Structures are given as structure tokens and as C-alpha cells.
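Asks: Spelled out from the first residue to the last, the chains are:
4 protein chains.
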Amino acid sequence: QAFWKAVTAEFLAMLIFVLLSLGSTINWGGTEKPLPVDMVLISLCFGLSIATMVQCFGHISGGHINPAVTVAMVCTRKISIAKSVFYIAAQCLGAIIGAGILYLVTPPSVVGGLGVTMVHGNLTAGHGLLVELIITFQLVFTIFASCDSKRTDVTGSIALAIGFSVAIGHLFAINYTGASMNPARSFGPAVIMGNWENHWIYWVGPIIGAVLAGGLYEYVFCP
Amino acid sequence: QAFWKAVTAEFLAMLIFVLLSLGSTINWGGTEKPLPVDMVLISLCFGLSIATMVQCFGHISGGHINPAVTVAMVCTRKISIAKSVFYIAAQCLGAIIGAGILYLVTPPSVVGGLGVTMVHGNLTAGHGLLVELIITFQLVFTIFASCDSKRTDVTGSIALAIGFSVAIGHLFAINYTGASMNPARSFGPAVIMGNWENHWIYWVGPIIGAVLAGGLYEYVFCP
Amino acid sequence: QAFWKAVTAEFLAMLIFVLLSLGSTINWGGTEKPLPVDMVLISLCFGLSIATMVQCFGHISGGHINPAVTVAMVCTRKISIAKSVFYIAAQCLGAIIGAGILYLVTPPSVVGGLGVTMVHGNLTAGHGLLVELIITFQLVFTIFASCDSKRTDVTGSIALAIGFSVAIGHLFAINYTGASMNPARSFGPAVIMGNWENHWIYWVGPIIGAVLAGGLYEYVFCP
Amino acid sequence: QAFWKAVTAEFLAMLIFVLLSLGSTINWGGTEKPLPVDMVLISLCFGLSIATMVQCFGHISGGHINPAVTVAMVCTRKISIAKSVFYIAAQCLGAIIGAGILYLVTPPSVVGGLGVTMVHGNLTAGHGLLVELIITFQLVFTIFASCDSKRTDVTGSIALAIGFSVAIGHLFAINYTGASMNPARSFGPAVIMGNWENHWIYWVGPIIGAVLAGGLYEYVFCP
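Residue numbers (the UniProt record's numbering), protein chains in the order written: chain S, 32 to 254; chain V, 32 to 254; chain E, 32 to 254; chain A, 32 to 254.
The hints are simulated quantities; they were obtained by calculation from the structure and are not laboratory data.
Backbone N, C-alpha and C fix where the C-beta goes; we use that ideal spot for every residue, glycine too.
Worth double-checking, as some hints may not be accurate.
Pairwise CB distance ranges (calculated) [unchecked claim]: (1) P139(A) <-> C253(V): 50 to 56 Å; (2) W35(S) <-> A113(V): 27 to 33 Å; (3) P67(E) <-> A113(V): 51 to 57 Å; (4) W35(A) <-> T183(V): 47 to 53 Å; (5) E63(S) <-> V141(V): 43 to 49 Å; (6) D184(S) <-> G157(V): 55 to 61 Å; (7) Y134(A) <-> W231(V): 23 to 29 Å; (8) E63(E) <-> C253(V): 54 to 60 Å; (9) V141(E) <-> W35(S): 52 to 58 Å; (10) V251(V) <-> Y250(S): 42 to 48 Å.
Sample of chain V residues with no beta-carbon within 12 Å of chain S, all distances over it, derived [said to hold, decoys possible]: (11) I47; (12) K109; (13) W227.
No more than 27 Å apart at the CA atoms, straight line, and that leaves these computed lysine-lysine pairs for DSS-like [claimed, not checked]: (14) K36(V) <-> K109(S); (15) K181(A) <-> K36(E); (16) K36(A) <-> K109(V); (17) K114(V) <-> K181(S); (18) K109(E) <-> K36(S); (19) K181(V) <-> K114(A); (20) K114(S) <-> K36(S).
Only chain S is shown next, with the shape it has when bound in the complex:
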């Protein structure tokens, strides 16, 4: 069954993306002498991991690797309802296992928050929701524009274009909200570490931005 292979591919792609990207945010200086946070390190690891998984799994399941983008294909009627519920569950379970593996191999002195997205202390959760909405809007718009069959002027690697869209979201919003733009990426480490503060903005935010991006492209710009 091609459907079972697509669900397995989504689960495996999420697991690798979460393990590699959340591992790169580990502060190896520890709580004693924390090292300065390398923003280029985190931004490229997240962005290129997405570009790697889309290259690896694009032709098997579509390479959504995101619950927010999965919801957008339902609002645009590109995938079925039955496919979405299995896609989202696989993404959520892949992040839980991926974060769980990272917690097992990471030394206890450098675990820290295990990459849990948090709103800045001086940032209101209302401002946090807006930041996550926009960064996901630019990501979903890029995916829709990069995968439009009617287009002809599309050049280069589609996966690399999607990855850099993720990278610029991190280069902006790491110190605002953590630059999640992926409900599964935030759900994974939150389950493992039990940090549940302002978690709803990481579901409401990316999903609203995804639906707005998909609807604008499919029904306004290129109908």
C-alpha cells in the first residue's frame, strides 16, 4: 500500500529533522558557563534539515514534515481528510521519538530545555502569536509557489528553496518565540520535558498563517 509507505516516510522524516535540529541548539557550556548562542548554527541546521528531508522524502509522501502545512493542503483540497489525520499523528509521534532519542544521548549537564520553544520574557503572548503567524505564512507561501505545476519559470532546487525559507524564519524569530513554525517541532520536546507554557500559540499561530498563505496563493494570486 502506497498510503502506508507515505505515513511511514512522514514519521521517519520528522524524527530525523527533530533529532538533528534540536541537537544543534544544545548549549554545551552548560548552566555553569553557558556559551554564546550561535544563531547561524541553529538557523542553518533547521533550514538545511528541512531541505534534506524534502529531498529524501519528497517523492514518497510529499515531504510535508509539518502539521501546519498539512492543514493547508486540506483547506486547498490538495490532500484528503483521511490522509491528514494520519499525517499529523505521524508528525507528532515522530517528534516525540526524535526528542526522546536526543534526551537519551545528551549528557544530563547540557540538556537544558531540550530545544523547547519559549516566548521571550519581555514579549507578550499576543505578540508571540503574531510573530509565529508571519514566519509560517512566508514558509507555506514558498512551498505553494515552489510546487505549482502551472508555473514555468521555476528554477533550481525546490527543496533548497523550502529550506532557506525555514532558515530566514529562524534568523528572525529565535529570540522572539523560538521560531517554531511547526506544531510538531514544538509538541515533541514539550512532551519529553513537560514544559507547556504558551504552547497554544505554537498551534494556533502556525496554522492560521498556513491557511492564510494557502488560501491567498490558491484563490487570489494564482486561481
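Use these hints to put chains V, E and A onto chain S, whose structure you have.
Replies: Only chains V, E and A this time, still in chain S's reference frame:
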């Protein structure tokens, strides 16, 4: 009307480019303990944001995302006069809204200059004009060479080539003039923060470099 | 003979990859005042070196540049047994010469460990084996997915996709195990410097991950 | 005349490459409080500048942008003797003007060495020659392999492949010899600043590596 969709696309592309790129230049250490400025952080965010917006909006409006490059298409008779005045206004308004959104979500202690381009204290404004002229000249030349229909040996992603041209301009001229090469990118935060020092070099500079680049390519090198 | 040219190409590609990548990990601050380790420096040098050698030598020998990936083509029956033993020996000898050249030109005060992969002090060798297994699994899967003739939706540079897969492995596992994912890359400097601690995990790890990746792609996902 | 346009293109491409890349190496901390040298900053600026100029000027003059690579096309009989002497002179004059412009706009307190390549104090000039030879060998081999008409499996941007080859040379050899791999890039600032120490290794080194790379590819690997 396809014209209204092109004007809207230019406004939206500018808004995302300004918000994400100017947000990355925020010094989160504040005025108390400023952190060292990460030049790779700013350069890639600006460059890849342009590569993202050209990928997103190239087939809708042409993806100018710059008043300077818009003027070049008029001098080369690639766009009409009526299209340019609506393009420039949309770019200017998109940067104002994009910078205004950033000012709303940025904590007051880390706002700083809000990404306003400034000439170096030891740099004469005459030297500042020359620096901006050249970095815009290499950007417009790349765009013209990447979008030449008569060429055959063009390979790879056109948007990624345009983005790296922006990135190398930042890797050079951040500490000279701020590496603007975009009159709208400088006009936006200047309106919000009311910093208007040496603002004319960010219009005269990029425009002269753009016109020189477009004329040299279209009428001297590849007529 | 085309076979002799392929063996020579593998030897030369490994030599350049080892010399350039291991040179970038040299801490020029020395043992007196060590400089902070630049992770982006090491990650991109390793990743782009692979993308450079695949571009240079892909059409001559296939551009394996890795004993682990060479074993995967045998388990998938893409290369012959006789070709593999000559490929692995050339890779091992290329890394020894490449590391030997680096040791000759590097000043004695900054030689340090000469890029020998080591397990973290707080990391158990069992955890070290798991980390190396996964990072090689994502690398071999990318290579197999990027070089599948049956695929049609493959876009962009194949070599650049393979390089970024290496880069994200380094951005994750430099402080865990050294992010080897290449038995030859670890065998080379180990011979020169005589550091042989936990060396078996750099052969058992990458090979098991390579075989699992090749078998899953060729016999489960895309049979 | 197409010949005059090719010579002008080589002069202009060299001028932009030298000005932007040498500007990025300026230590803005000055001699009072020097800032730590950002290696990723210098490596990407040099590499992406080459990728930008090849994209800009590849179809006009071939985009050599290097005296060493120009000599390789003569040894391989890809260009004529008369074309080479005009190409090399344009490259040398472009670097002199490009470095001269940079010296004019750079504040006197941060000029420093103006990007002059120097051998490390603990490095023997004999070791310096070897380092420059190899990094140019991998650059010329990439150019020859990326521009082989007989090849079919070439994918992605050719200019981006050439740029990353330059970038990995810098990520290795900045602290060894300065990572010149371009006789013009070293000749330019040397004339302006009058620093002439071990200058011969920056001509003998890159040229020997270029000739070895071109001969091996054209007459041994792919005859």
C-alpha cells in the same frame, strides 16, 4: 486585473522582506550589554529573504522588491512609467508597514535604531555614496544577467543567484553605510524612527548604480 | 582502463577532502589560549568539500568518497565486490596521505589532535555508536534518493544536496562523537597521530547506518 | 568587437571581486582593540563573489576572474595566446583599481594590511607554496569538471559550484597563507600597500596547481 495583483504582490513581498531582515539586526543585548554583531547573521538573512521573495513572487509581479531595480527597468524600457509609480509606492508603503510591525513586537529595551542605515562616523557622506553605488551596481547587473532570455548557459536557481548578490553586498558594506542597496529598505525604518541623517545617499546612490548597471548590460555588453 | 581511473579518482578525492576539512578544524589559538570553536566553520567546510568532490569526480568513479557508502552499494548490488575492495583501500590510503600532508604543513604549536574524532568525556561509547549510526543513515538515504534514476521530481544540484546532508550531521554531532560518518575520515588522522580510542564505533556505526539506509530505500520505500 | 567586450568584462569582474572581498576582511576593531576574525565572513564573501561574477560575466568573457585559471586554458589549448596576455593584464589592472578604491573609502584607522596575503609567522615559505598549490588545484579541477561539454550528469548552478570551491579553500588556508589561489587578488593590494613579502609563492603556487589540474583532467581523466 493582473496589474492589481502585481502591485499587491510587490507590497506584500516588501513587507515580509523588511520585517524578517530588520528583525535579524536587532541587538538583543540591549544598550546595557550589547552583544557582538553577527555579520553572517545579517548578511544571510537579507540575502536569503530576497531569494525567498523572488521565488515566492517572481511569476506574479517580477519580484523587483527594490525601487532602484524598478527604475532600471524604466531606463531599459522593460516596464512602463505607469507600472513604475505604482511599484515604487507599494515598495515604500510595504517597508513602512513592515518596519512598523517590527517596532510593535520588539521589546522597547532592544529596539535600538530599528535597522536604520547610517554612515560610519569616520566615513564622509561622499565616500558613503560611492560604497552604496557599487554594491547596487553589482546587484542590478546580476538581476539583468540572470533574467536575460537570449542567454542559454544560465543554470541553477535564478532567485538564489540574486540573493547571494545581496548577501555579498552586506558582507562588505554593513560597517561602511549599512549596505542598503534598496531605497525602500532605508525609507521604511527611517519613517518609523524619525532618523533622517544622510538619507539622500540611500536614494541617489542605489539609483545611479542601478541605471549604470542596466544601461551597461542592455546597451554595451549584450545589445 | 576505466577501472584504474575510477580507483585513482577515489584516492585523489579523499585526499583533498581530508586535507581541506581537517585543516579547518585546527585551533590556531593553540594550547596556550585556545580560541572558541567555530561550528559553522567546520560544518560548511566538511559539507561543501563533499559537494565539491562529488561535482569534481562524480562522473569518473561515482564520487563515493566514503567506505560506508561504498558498502551500501554492495548490499544493494550497485557495485561489484572487486570494485569495493579497491574503492575502500583507495579511500583509506587517501585519508592517510591527506592527513599526513596536513601534519607536515601545520605548525607544531597548533597541531592539537589533528582532527581525530573522539567521543565526549561524558558520553558513553554506546551512546556514541547510536549518534554516528543515525547521522550516516540520513547521509546514505540522501545519496540514494538523489541518485535514483526512476525519480522525475529531482531538481537542483545533486552534489549540493549531498553536501548539505553532511553539513547538518556536523552541526549536530561535532560535540557528541566528532560527526565522522566516514570510516576513512576517522582512520586517516588516527594512523598519523596514533589515537585509537573508541575507533571501532567509527566503523561499526557508519556501516550499520549505511546498510540500513540503503536497504530501506531500495527494498522497502522504492523497490 | 567581441574581444574588446570580453577584456572589459574581465577587468570589471575582477574590480568588483577584489573590492567586495577585500573589504570584508577589514578588521573594524582597529589596531587598538582588534575584533576576532570571522572566518565564515571572509570565506563566503570570497566564494559567493566569484559565484556572482561568473553568473554576471560567464557568457561574455568566460568568467575566468583568475590569472591562474587563464594559464590553464592556454596549457589545455582552450584559449589563444593573444587572448591570455590581454586577459591577465585586465585581471591585474582590475585588482589594482579595486584595491585602490577600497583604500580610498576605508577609514585610515581600520585599513590595516588591506587584505594582503601573508605567510604565517611559524610557516616556512616552502610550506606556504604547497598550501597554495593544492587549494588552486581543487579550484581549477572544479572549473574544468563543471564546464565539460561531454558531461551529461552536471546539475545545479555551475557558478555556485565554482564559488563553493573557492569558499572551502578559504575555510582551510586563511591562517596558513591567506588562501589566495588568485595571483591578481594578491597582486592588487600588494601594489597599493607596498607589501611584497613572499609574493612569488602567490604566482608560482597557483599557476603550478592550475596547470596540474587542467592537464590531469584534460589528458588523463577525461581525454
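Asks: Would you mind marking each hint as holding or not holding in the structure?
Replies: Do the hints match the structure? See the list:
Roughly 40 Å separates the CB atoms of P139(A) and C253(V), a value that falls outside the hinted 50 to 56 Å. Checked against the given bound of 27 to 33 Å, the beta carbons of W35(S) and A113(V), roughly 56 Å apart, lie outside it. For the hinted restraint 51 to 57 Å between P67(E) and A113(V), the CB-CB distance of approximately 55 Å keeps it satisfied. About 22 Å separates the C-beta atoms of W35(A) and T183(V), a value inconsistent with the hinted range of 47 to 53 Å.
For the hinted restraint 43 to 49 Å between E63(S) and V141(V), the CB-CB distance of approximately 26 Å leaves it violated. Distance hint check: the CB atoms of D184(S) and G157(V) are about 41 Å apart, inconsistent with the given range 55 to 61 Å. Between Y134(A) and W231(V) the C-beta distance comes to about 26 Å, which sits within the given range of 23 to 29 Å. At roughly 56 Å, the beta-carbon separation of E63(E) and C253(V) lies within the given 54 to 60 Å, and the hint holds.
At roughly 54 Å, the beta carbons of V141(E) and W35(S) sit within the given window of 52 to 58 Å. Remark: the range hint 42 to 48 Å for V251(V) to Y250(S) is upheld by a beta-carbon distance near 45 Å. The claim that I47(V) lies off the interface is violated: its Cβ sits roughly 5 Å from the closest Cβ of chain S, which falls inside the 12 Å cut-off. Its beta-carbon lying about 15 Å from the closest one in chain S, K109(V) satisfies the requirement of being farther than 12 Å from that chain.
No Cβ of chain S approaches the Cβ of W227(V) within 12 Å, the least distance being about 26 Å, so the stated non-interface status holds. Restraint check for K36(V) and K109(S): satisfied, since their Cα atoms lie roughly 23 Å apart, inside the 27 Å limit. With a CA separation close to 17 Å, the supplied pair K181(A) and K36(E) stays within the 27 Å bound. Restraint check for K36(A) and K109(V): satisfied, since their Cα atoms lie roughly 23 Å apart, inside the 27 Å limit.
With a CA separation close to 25 Å, the supplied pair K114(V) and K181(S) stays within the 27 Å bound. This hinted pair checks out: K109(E) and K36(S) have alpha carbons roughly 23 Å apart, not beyond 27 Å. For the hint linking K181(V) to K114(A), the alpha-carbon distance of about 25 Å falls within 27 Å, and the restraint holds. With a CA separation close to 12 Å, the supplied pair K114(S) and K36(S) stays within the 27 Å bound.
The structure shown violates the earlier hints numbered 1, 2, 4, 5, 6 and 11.
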